[PDB]
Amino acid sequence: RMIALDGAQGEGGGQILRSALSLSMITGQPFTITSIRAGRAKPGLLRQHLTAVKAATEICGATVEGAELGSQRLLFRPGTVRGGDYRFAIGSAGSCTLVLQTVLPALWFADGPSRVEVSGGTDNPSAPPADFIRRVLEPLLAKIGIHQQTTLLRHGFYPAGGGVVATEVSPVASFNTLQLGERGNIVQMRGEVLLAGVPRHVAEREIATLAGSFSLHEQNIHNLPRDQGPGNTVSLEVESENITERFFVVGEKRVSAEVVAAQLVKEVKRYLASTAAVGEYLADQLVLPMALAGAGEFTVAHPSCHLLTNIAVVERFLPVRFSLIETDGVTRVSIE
């Protein structure tokens, strides 16, 4: 019939909208979202939100109402998802990988393989980096039966645009049940700095700061072309027996190298202070693929707002139900 979602408790243009669009396209169930961002100084749908709506519309021939800047109500009626070669542009206002997060789950169910290319910001603080999708999320999708490969073609450092990320995807042939739990032993720790139009001593101090808290098996510094900057990010990959995780921080004006790296150290220590393989962010990104498989579980040390949001949206669109059981400081998230 018509699923009605609330857009005023938060994320109405963001995580609820993205997950609803994917689930709507996959299941063919229409939805409406109301009061979108009603309490924000610039309320309703902004350009980056509209980009996701428009991208979804393109891949399933949707009928839409309210997809206009400042609209606080959206009605989305999907048609049939179709594969193809798609190009989208979100600009400096949004994140390439969040457009991908919106459309890729629907293309797992398309009538053939697809390629999606998105231009815009790539190294934004509240979005998954293309390297996280490629090196953390995609190996797990593969275990679930889902095959997609993401490549970053050029960077656009928040808050500028200009970046380009592309993903090749094939329709799923068969789903598998992924079960994750403890992280197991460390295999190696890898530290990376990206610099663009930022002096090399910054990267030196950042790697040195990471090396001050962890024994780094790999250290990588990559200087990009000037015009992809200014930008700087620092990342740490933890490859373990049972999973690979990655953490990152984006450099900002008026934050020094030392403090930027310290933030990343604190986050990695928090990860390693719990037994769980899955990290805070990956957790919310496993909810939809596991739900679509119909089974799966993982443990996570602190279930986030995004994790619970995604669970709630999935449960509106699918008969799947999630169980969360806390045991000794970690929460087992499992499909019943």
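Basically, rigid core = biggest C-alpha set you can superpose within 1.5 Å across the two forms. Positions refer to the first chain, counted from 1. Shifts are known only where both forms have a C-alpha. First, how it differs from the form deposited in another entry.
The only C-alpha among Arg40, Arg47, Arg270, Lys54 that moves by 2 Å or more between the two forms, given a superposition on the rigid core, is that of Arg40. Core-superposed comparison between the two forms: the CA of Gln9 exceeds or equals a 2 Å shift. Relative to the superposed core, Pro113 shifts its CA atom by less than 2 Å between the two forms.
Positional change of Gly79 between the two forms stays under 2 Å at the C-alpha, relative to the superposed core. Remark: 8-13, 38-42, 125-128 are the runs between the two forms in which three or more consecutive shared residues have Cα displacements of 2 Å or more on core superposition.
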The other form holds:
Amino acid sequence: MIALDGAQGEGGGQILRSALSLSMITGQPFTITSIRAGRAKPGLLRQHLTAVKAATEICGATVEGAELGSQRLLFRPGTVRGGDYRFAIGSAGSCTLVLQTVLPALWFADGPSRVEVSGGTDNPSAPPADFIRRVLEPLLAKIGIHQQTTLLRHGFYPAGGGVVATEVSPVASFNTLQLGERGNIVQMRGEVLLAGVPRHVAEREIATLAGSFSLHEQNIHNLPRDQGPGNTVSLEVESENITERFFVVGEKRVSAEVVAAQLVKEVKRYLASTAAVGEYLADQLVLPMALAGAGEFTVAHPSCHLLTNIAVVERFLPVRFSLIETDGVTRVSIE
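What would you give as the form deposited in another entry, now that the form deposited in one PDB entry is on the page?
What follows is just the one chain, with no partners and no other molecules.
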């Protein structure tokens, strides 16, 4: 039975979620031993417990250790049943992470499924639920996976209140995704999302983006105050071979110019290499291509997350990933 070390790599968290999906995809039970060893909060936390309850439900699992402070977990899956699921995280809970725990398993469920989660849609430090729909959902569709995520209500950290819902269909046949050169840029678009925040913050954040980029469109998107106070700014880089979109969630004490300046940092950083995908989309492509048994993509630099995702994957599956950091770009490929 598979044993994983929680302090390994970046140090738990992602290890738990990649394990869950894999352990269900595969059926191999596993045991994480030092969950969040050194993190401020030592082990399983409400979100992880929710990640775990959702997992131990989509697949009738048997778990040992699912307690709020646990640094040990034994998870024995069952059959990933398809169906209408509804999970509810708190406020600090990112629907994104529940969904990226459970959806992979559902790719192999006995039938189509719908997952609806509640909680935070946009968190300052983390990826927004939009990345799912506007960025990876398409690479996935290309790897033969079929998912459709709709953002139904936004929950801006620290408010909570968001509602995201994904429609899945058991993967029929897998395809090999072959990314490399980003290709020539086709168009860049900036977009700001205000909910309870004034139209002078959007304009300011937009401007900054227009400051270094030639946006084909500058869009300001207004959501009901109901959606609490929130501001999220994004720039999309629809290159030829790929379409990426970067985000930066405005913080409490962070200025329109600072928030926009973070995003500009990233965007330039991506653009500064020929690499088709960003560090984060890379982190997400590791699993699906593994299931697919082949495929590759280029990414500027191997990140510490990549490294651990590739570990867990290879810990549950008969795959070999190869990273060839040649000329400022890294070619991540399967075997």
